[PDB]
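Just the one chain here, laid out as structure tokens, in the form solved without its partner chain.
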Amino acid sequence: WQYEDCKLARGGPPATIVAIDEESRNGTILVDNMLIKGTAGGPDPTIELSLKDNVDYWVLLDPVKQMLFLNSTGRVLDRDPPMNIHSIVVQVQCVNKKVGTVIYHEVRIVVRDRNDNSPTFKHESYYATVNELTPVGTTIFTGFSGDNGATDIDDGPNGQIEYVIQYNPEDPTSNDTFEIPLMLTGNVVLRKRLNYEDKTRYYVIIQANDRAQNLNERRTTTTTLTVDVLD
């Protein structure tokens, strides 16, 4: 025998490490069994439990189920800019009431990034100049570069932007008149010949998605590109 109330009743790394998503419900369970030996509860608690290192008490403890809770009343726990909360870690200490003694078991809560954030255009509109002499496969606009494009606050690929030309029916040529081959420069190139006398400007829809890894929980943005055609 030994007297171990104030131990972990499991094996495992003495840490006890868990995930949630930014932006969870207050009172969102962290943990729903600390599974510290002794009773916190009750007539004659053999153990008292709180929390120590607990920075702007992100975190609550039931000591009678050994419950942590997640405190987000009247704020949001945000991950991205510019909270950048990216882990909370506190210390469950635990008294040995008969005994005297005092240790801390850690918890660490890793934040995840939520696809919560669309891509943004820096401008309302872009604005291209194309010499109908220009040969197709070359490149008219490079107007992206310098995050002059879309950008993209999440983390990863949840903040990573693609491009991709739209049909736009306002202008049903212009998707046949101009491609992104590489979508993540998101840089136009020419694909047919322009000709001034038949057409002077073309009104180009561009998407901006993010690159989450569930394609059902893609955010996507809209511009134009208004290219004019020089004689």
Second form
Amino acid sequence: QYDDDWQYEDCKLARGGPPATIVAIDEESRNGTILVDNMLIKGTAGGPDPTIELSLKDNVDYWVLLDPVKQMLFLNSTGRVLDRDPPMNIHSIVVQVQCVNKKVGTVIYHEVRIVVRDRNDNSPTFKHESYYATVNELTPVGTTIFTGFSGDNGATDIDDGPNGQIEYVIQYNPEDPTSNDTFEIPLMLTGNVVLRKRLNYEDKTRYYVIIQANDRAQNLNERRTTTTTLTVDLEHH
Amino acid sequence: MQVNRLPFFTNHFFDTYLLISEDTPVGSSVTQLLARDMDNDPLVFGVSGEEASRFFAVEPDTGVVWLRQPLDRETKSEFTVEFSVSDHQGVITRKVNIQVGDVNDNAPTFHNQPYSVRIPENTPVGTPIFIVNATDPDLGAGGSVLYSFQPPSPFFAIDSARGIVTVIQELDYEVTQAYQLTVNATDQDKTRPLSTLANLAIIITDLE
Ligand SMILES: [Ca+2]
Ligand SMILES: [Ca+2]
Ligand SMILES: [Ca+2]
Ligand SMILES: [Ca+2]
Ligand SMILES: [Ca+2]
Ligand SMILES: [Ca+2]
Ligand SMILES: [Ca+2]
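Return one more block: the form deposited with its partner chain bound, after the form solved without its partner chain shown previously.
After this comes the whole thing, all chains and molecules, with the earlier chain placed first.
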């Protein structure tokens, strides 16, 4: 007849929608952040006469805490950090909320999937502490004279996507005012430097070019920058 | 002279995630990429990566994204997919996390068949005599198996959660020598439950 079916109802989702509960948080979120407001599972852990048992399974490294009564999930990260970037590489956390129906003994697992979003929490890093080029004085304007940021020998950034990709731009140098006029970076994504003005070994033999790497965070004021110096020495002939 | 401004995606999902259901048919539009370029250069959309490129096609001018082969939540639950937009002077790329959403698309599967068990006619009422088992890989209610006899029997019951068969009425070898019961294993999906049948043979042996 299915008369006593109401008793199989506890442990089923009270909400509609698909079976997995999916949420997102930023990396490095603080201990105690509420991952899931309310699991919306039919029935009642706690109270005078509990109809269900809730617990967490496959909670690898105990990132999640459950409050069975309120059916809340919290981030547990005391004494550590939730790092999406290497070498932790936590892109997502999957746990199961186990619900055992007390009356009938059925077991339903409600999967929770947490998407960890990348923050721009790292700055670019230059492989070397400074960079160098030698140029012949007869080198014509428009020639590429430096190439040393090619192939991860310049700036890299351990963040993901645009937060991790670099743009190089020459800065004005108060200790060498003509250097940003004599040299340009036409393509900021490569960081190759080309000669913009004629050289003269009889008048000046060294240029101190300051180059700033910035990453490409969506929000211009979230961007991070690192500075290096390219020293260009003229050779004779 | 007049340096190019690169395009950037504007879809909201790049900041969060994209949910696509596993029942989405091959050929269906799953989203539409959106980009802005301040120069207003004509933009060209693409998908990058071997895995990504076999699952998704991208219409280059409009940016609609189609599914090329069927998803299966049971095989892979999520992908990270790298999309691209280019303006002819440069290509920019941004990853999106794609969460495959589950539907109840699996009936339970029984294990240890064939089911057959010998018992003596004087087996007491309440004796557990056999355990049936089926599993279902769907998520949640759609993966939680309930057992029943179709129809219910006056001589045997099956625990609906645990699959334990017990004897519920006194057996008489002279009246009935063997039983052929049909066990049903169903999942508990709300709108689309799926179920499988299995035979349980119960052979009675005599003392006199
Ligand atoms: Ca980090
Ligand atoms: Ca980061
Ligand atoms: Ca960065
Ligand atoms: Ca442009
Ligand atoms: Ca499937
Ligand atoms: Ca499924
Ligand atoms: Ca199922």
